[PDB]
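As a starting point, one isolated chain is supplied in structure tokens, in the form deposited in one PDB entry.
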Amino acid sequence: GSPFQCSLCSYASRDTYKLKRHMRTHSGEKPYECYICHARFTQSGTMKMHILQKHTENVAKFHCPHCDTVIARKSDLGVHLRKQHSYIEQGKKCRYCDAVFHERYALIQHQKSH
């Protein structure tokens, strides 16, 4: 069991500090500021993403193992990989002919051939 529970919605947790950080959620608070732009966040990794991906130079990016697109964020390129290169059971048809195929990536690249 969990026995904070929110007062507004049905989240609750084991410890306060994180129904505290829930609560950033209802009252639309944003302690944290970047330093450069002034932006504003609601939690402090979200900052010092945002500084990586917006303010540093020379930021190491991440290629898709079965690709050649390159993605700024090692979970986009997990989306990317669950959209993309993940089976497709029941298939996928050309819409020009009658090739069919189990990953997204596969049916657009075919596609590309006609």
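Residue numbers count along the first chain shown, from 1. Think of the rigid core as the biggest set of C-alphas that the two forms share within 1.5 Å after superposition. Compared with the form deposited in another entry:
- The Cα position of residue 90 differs by 2 Å or more between these two forms after fitting on the rigid core.
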Second form
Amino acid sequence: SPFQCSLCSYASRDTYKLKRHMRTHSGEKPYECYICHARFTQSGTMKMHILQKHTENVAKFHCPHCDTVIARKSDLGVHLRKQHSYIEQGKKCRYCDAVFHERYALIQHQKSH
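Output block for the form deposited in another entry, input the form deposited in one PDB entry:
Coming up is the bare chain, nothing alongside it.
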């Protein structure tokens, strides 16, 4: 990684990667949504914007361990890691003595009180 950034410690082997990184410092947003004229730093981010808001018949992602539906697959990963990650020694209920080894089931029981 010979290409070194001038304003921070980021470095890369490709010129495209540094040109893209420089947008974080310059605040440049060269991509614009042709419907609401919203600006974005990267083109892939713009495609996700058009899909999630302006595109009809979108296929969201359903969680396998509960009934929550999520629009983005990456946000489903956050859900799985945050809500359904196993807890070796479960956390006690705030009200009663019930114990749960997954965060989602713990909150759903506390809301039942």
